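Coming up: chain A.
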Amino acid sequence: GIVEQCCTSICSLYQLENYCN
Partner candidate 1 sequence: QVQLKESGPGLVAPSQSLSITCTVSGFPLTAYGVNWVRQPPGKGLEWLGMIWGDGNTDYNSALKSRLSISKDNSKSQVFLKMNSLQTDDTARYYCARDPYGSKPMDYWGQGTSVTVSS
Partner candidate 2 sequence: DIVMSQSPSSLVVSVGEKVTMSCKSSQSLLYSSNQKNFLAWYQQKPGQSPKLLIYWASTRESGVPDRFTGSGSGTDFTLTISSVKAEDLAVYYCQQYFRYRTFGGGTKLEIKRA
Partner candidate 3 sequence: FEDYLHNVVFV
């Protein structure tokens, strides 16, 4: 998940916003 989406693979701000509490 987040560990594969934003770690091995490099993330973007939009994806980070999408996750947001």
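Heads up, the rule we're going with is that a contact is a pair of C-beta atoms (placed from the backbone, for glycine too) under 8 Å apart; a residue touches a chain by one contact, two chains touch by 3 or more; residues count from 1.
The candidates came about this way: all candidates are chains of the complex that A comes from, given by their letters.
Colleague: My understanding is that every option belongs to the complex but just one is in contact with chain A. Which one, out of 1, 2 or 3?
Modeller: 3
Colleague: Using the touch rule from the top, collect the residues of chain A that touch candidate 3 in their complex.
Modeller: 1-4, 7, 19, 21
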